[PDB]
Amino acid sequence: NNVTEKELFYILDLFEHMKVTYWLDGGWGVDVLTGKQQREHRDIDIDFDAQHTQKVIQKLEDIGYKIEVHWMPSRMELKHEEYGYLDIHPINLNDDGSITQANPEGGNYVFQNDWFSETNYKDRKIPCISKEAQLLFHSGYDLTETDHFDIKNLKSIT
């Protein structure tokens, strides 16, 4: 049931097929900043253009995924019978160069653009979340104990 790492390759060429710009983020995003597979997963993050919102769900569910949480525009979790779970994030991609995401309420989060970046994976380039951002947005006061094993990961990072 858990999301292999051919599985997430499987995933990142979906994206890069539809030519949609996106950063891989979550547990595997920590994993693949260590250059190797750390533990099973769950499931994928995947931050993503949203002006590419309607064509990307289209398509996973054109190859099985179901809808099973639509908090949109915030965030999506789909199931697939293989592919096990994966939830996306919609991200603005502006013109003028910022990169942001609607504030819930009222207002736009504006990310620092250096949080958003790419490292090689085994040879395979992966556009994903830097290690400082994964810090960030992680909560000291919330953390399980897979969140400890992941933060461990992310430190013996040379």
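Numbering follows the first chain given and starts at 1. In this text, rigid core is short for the largest set of C-alphas that superpose within 1.5 Å between two forms. What changes on going to the form deposited in another entry:
- Here the rigid core is superposed between the two forms, and of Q51, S117, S98, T34 the C-alpha of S98 is the only one to shift by 2 Å or more.
Mind pulling up the form deposited in another entry next to the form deposited in one PDB entry we just looked at?
The following holds one chain only.
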């Protein structure tokens, strides 16, 4: 019921073969920064180019993901019987150089371009948010025990 590394790679391969610009995020993004898997993962987080929103969703449905939560254009959660949960987040690659995301209650979140980078993971180049970005997106007041584990891993290993 968890997302295996090979299953992660398949989802990554989908976006890459679609030629849709994307970055790995969330828990799997953290492990990928460390260089190896650290724990079991319920879900995958992917930030992707919002201009391909319709193409991405249609493709995810084609392979059997069902839409469970739909807060678009900010965020959508899908569910696959085998591959598990996938959260996708449309991001805008803007002309000003900024990367933005729809704010569910009216407006845009503003992110810096350098938060979204790439790292080597088992001889594979994986686009993912930086270590600094993971920390920024975490709230130092409201961490789960797993969040604490993940953050200590980013510190203890990297």
